Structure formats: structure tokens, C-alpha cells
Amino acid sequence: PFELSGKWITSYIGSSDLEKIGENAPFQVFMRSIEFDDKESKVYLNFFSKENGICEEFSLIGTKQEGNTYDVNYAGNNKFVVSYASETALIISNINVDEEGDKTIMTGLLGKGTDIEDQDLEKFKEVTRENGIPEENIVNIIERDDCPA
């Protein structure tokens, strides 16, 4: 029986728009935890993000929708899905439509800490590729995560 809730840190993130994941951008998200409240059809996301160089913590709440989709507001409108889940990893696929109306598909490999299992990385790279996102559009987040645990 898989436990999806608990501690989750971001390892890598891929994006179809490089403007959304660079330094201090809205989507260079350093995850800390995700909680799935299936009874109340919600999801609780806690993470850090840099703005003007300093770490800023977030606590959002998303509502479960059609299929395995999750709706959440943050730098536009998001609809994310957990494309993969194993005892060591979680791979999220997300679609953002910012305030301007531009659509960006993103992906992320989350884990239990700073130690990556290449098996989960290959799956993450395979999902990223399927979303038509190129390898040069992948950023290592563990090397950039200097925010508080």
C-alpha cells in the first residue's frame, strides 16, 4: 500500500517555457511536503520559492477534480497530476496558464531527500520527453535548493 503523503523535496524540473523556471521565477519550486486528503478531496502543498534572492515559503490548497487532476491557484491557474509514484519518488506533470494567458507544461521529480535513484530519474526524463519538453530544458533543483528544510 503506497503512501503518497508526507515529505517531498524537488530534484529536477522541466518546462516548455524557460521563463518560468530560471532564477527567482515562479516555478523554481523547492518542495517540502504534499498531503493528499482524499476524504475532503483536497491536496496540501508546502514549499519554498525565491523572489529577489530570498526564500519565501508557501502553503497552498488544491481541489481534486476530474480524473486524477488537481486544481490550484499560483502564478496563474494550475492543473497538476501525479504521473508516477514509487516508494522513493513522485513525478508531477503540471499545466499553467499565467495571468497573461500563456500556457506552460512543466514536470517535476520529487523525492525523500537529496539522494537520487537513477531509476526514478530515467522515468522523469521519459515523462519530460513525452510532453515534448527537450533535455536542455531540465534544471537540477537540488543544486539550487539552499532554502530552509
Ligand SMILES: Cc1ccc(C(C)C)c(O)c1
Given for the second form:
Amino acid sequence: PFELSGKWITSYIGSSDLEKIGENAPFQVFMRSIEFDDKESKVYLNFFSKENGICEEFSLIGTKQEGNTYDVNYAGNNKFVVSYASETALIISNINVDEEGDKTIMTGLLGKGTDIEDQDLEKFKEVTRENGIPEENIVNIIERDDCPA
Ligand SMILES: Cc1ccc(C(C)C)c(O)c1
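And the form solved in complex with the named molecule, for comparison with the form deposited without the named molecule?
Following is the full complex, with the preceding chain placed first.
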């Protein structure tokens, strides 16, 4: 029996648009926890992000939709799916349409905290590639995450 809810920390993030994941960008997301509430058809996301170099915390709520996607508002509109789930990781695929109407596909590897399993990393790189995102568009978040636990 797989437990998807709980503590999840971001390891890596891939993006079709580099402007969304660099320094202090909306999508350089340092995840802390994800709680799935199938009973109420919602998902709870807690994470840190940086603006002006300082850590800011967000606690969002997404709504479960068709298939096994989730809609959530943040720096525009987002539709994400947990593409992969193991005992040690989660790989999220997200499609963001920002305020300007520009569409960006992104991927993220989440783990239980800092020590990455290569088996999970290879699946993330594979998912990222399948989404048309180049290897050079992958950022190592572990090295950038200096926000509070
Ligand atoms: C809406 C949304 C989508 C994706 C992520 C990470 C997987 C990068 C979020 O933190 C939030």
C-alpha cells in the first residue's frame, strides 16, 4: 500500500521555459509537504519560494479533476499530475499558463529529504525528456534550497 501524502522535498526541476525556474522565479519551488484528500477531492501543497532572495512560504489547495490531475492557482493557472510514485519519490508534471498567457511545461523530482536515489533520478530525467525539456534546462534544487525546514 503506497502512501503519497506526507513530507516531500524538491530535488530537481526541469522546465520548457528557463525564465520560470531561475533565481527568485515563481517555479523554483522548495517543496515541504503534499497531502492528498481523495474524500474531499483536494490536494494540499506547502512550500517555500524566493522573492528578493528571501524565503516565503505558501500553503495552497488544489482541486481534483478528470483523470488524476489537479487544478491549482499560483503564478497563473496550473494543471499537474503525479506522473510517478515510489516509496522514495514523486515526479510531478505541471502545465502552467501564466498571467500573460504563456504556457510552460515543468517537471519536479520530490523525495523524503536530500539524499537522492539514482533510480528515481533516472525516471525524472526520462519524464523530463519525454516532455520535450532539454537536459540543460534542469536545475539542482537541493543545492539552492536554504529555506527553513
Ligand atoms: C502549481 C504547482 C505546480 C508544480 C509545482 C512543483 C512540482 C514545481 C508546485 O509547487 C506548484
